[PDB]
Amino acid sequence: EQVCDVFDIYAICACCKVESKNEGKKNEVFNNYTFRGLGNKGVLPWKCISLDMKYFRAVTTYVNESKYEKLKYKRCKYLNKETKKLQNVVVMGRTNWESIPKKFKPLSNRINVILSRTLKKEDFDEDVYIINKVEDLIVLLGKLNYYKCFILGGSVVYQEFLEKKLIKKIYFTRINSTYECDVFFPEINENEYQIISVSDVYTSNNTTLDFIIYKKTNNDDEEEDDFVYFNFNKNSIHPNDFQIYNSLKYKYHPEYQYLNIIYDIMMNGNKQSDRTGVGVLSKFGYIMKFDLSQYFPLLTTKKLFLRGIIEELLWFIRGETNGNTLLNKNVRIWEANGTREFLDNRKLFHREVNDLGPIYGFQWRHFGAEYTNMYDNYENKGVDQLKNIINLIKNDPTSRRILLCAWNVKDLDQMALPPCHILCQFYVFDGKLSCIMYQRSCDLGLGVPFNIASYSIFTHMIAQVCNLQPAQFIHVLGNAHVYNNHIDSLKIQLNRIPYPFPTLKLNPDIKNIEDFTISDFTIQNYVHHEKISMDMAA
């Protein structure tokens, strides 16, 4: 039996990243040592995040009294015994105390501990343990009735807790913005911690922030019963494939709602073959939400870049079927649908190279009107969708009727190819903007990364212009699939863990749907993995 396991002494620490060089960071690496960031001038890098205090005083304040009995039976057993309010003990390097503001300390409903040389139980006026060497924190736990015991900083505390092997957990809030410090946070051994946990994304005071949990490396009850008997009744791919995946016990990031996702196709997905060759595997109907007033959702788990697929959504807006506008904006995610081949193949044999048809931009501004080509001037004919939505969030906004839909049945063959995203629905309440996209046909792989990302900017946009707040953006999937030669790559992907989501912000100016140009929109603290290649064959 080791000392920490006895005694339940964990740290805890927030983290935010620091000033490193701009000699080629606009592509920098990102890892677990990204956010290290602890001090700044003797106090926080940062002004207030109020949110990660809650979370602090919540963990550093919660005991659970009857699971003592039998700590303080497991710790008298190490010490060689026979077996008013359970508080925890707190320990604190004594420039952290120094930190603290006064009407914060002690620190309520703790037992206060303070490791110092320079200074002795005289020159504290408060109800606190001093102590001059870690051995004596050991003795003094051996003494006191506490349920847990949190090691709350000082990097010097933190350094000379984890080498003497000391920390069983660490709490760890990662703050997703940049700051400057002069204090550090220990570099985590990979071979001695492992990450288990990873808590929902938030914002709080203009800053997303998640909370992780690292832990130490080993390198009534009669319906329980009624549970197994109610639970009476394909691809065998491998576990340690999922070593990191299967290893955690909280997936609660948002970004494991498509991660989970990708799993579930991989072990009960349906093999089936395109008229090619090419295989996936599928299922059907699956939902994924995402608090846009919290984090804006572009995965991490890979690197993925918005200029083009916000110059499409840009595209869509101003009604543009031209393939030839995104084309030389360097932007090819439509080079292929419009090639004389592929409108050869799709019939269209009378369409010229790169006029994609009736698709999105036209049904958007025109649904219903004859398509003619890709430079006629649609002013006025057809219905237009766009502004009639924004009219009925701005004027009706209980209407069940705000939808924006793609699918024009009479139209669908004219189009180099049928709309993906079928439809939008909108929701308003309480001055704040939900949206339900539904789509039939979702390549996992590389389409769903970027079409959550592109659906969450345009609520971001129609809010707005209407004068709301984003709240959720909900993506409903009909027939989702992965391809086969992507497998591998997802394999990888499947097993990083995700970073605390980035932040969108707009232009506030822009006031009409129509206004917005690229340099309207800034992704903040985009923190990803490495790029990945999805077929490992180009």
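Residue numbers count along the first chain shown, from 1. Here, rigid core means the biggest group of C-alpha atoms that superpose within 1.5 Å across both forms. Compared with the form deposited in another entry:
Comparing the two forms between the two forms on the rigid core, the single residue of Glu135, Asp430, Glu126, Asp226 with a CA shift of 2 Å or greater is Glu126. After superposition on the rigid core, displacement of the C-alpha of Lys249 between the two forms stays below 2 Å.
Core-aligned CA deviation for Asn22 between the two forms: 2 Å or greater. The Cα position of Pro239 differs by less than 2 Å between the two forms after fitting on the rigid core.
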The other form holds:
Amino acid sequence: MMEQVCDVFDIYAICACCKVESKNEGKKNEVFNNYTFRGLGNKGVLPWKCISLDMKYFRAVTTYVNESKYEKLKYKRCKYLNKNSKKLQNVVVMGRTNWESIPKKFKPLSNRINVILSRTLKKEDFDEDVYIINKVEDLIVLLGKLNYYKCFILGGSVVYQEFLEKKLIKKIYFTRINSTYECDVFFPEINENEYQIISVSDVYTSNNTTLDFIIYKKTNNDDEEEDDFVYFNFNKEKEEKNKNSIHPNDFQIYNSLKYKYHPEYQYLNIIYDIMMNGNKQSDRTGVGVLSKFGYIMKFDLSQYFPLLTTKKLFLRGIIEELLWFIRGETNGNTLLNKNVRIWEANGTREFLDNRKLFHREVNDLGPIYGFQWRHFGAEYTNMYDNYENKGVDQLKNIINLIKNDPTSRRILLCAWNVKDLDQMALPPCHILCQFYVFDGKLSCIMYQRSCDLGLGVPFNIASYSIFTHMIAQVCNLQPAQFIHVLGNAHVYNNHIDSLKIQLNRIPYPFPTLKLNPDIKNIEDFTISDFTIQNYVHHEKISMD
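Mind giving me the form deposited in another entry, seeing as the form deposited in one PDB entry was just shown?
Next comes a single chain, given without company.
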């Protein structure tokens, strides 16, 4: 009898839930979880004007069918109940409210066996094509009498509630709309001991909101060229004589996902790869790390602002740092006065003395980033000197190149001034930036020589993504891709237990970055001109 119904009839639930107003009165730093995305409808209608990509997804999922995989299902179904047209299709089940609130022109849902659960609707003022039922159970009855591929519960709040308690759902195809709307109906909370996420899609932007697609699974608690593949792997490694010390059940949730297309995984996979295959090395700091050489990450800034969601991140500091760079400053006190302590440790008397910069004032970081961006080649004296019109103003030059010669292959910003390296508190981690322009769109590649995956990298990603936006806007372009090239990529051994916790967390749709549209010159941005919207994230983690 361990031959289940939702398994026999392949009943899935497909929905789309947005965020609901946190009720004017929630306590502290709003806490987030899967239940955050729960709004279904408001006043018999959808809570949002329209979201075409979900429509395209929904329609595509509920109508797709694989004929050469049906006999198997049909075989299973009769063998169980112990038992025409031929365009094999799907059963799309709805509630009255649901069916009613669907616009005229769309019913019956094209290429789908339309079914409707109402206690007052009658099959006569209807067709036959469109079936009608009495209660949950008169549905299973109608499927044993039909030829359908899969059955999808399109729903309504009630329809979802009844099908979940009645354990008649195999999978839930859940769309996460990352924006808020007022709603009077919600999707029942999903007990994580009952259902678990096995796949997360890529992140997209549709109708001025980001969204992604996840999949819930009911928890279980010519092949000559298929062989040729095995042959070509004759020399592979892992008899799992294992490697570093990292156990299986450590990344249980992480390894149990089938499809991990969320962009955040580009960052998580690198961490996993360093933990699993990294080389043990001693380091300038004496803590010990796991490192590898050469990784690439690509984020589509036209679809989302890649602020990591698997832990909390703050941006004031890094934005002030960026504005500090653009001004061409080298005075660490400017930042310290605004309580941005990113460079504090690099400006202490002791750190400077260790760099053999005995004649450098505390917090005078030398000819670093800012100085190189606006005065490459100028003679550095001290952080208070007047460097106006001295050296090569690279920033200004790249903006001009982007504006008057966008197909140039010399649009680069380089902070690595070989001649000045020793005079710097420390050489730049972010070596250079290259820009690319095509069809009104700007892409950027940043090469980083040293990457602290646990603490630094998340911030680096946000920093250059913001910077790409800034440059795009003051050049009348739309930002496209940000490409992060990592040279020496490492994970500090003291960050391992924290990163393990982070890898087993499932990303949320990304937030979006909004810049004051009025700013038209690279030098006119101020901290109030940046806004992060819809940042849904997991709780904070101290890496150490």
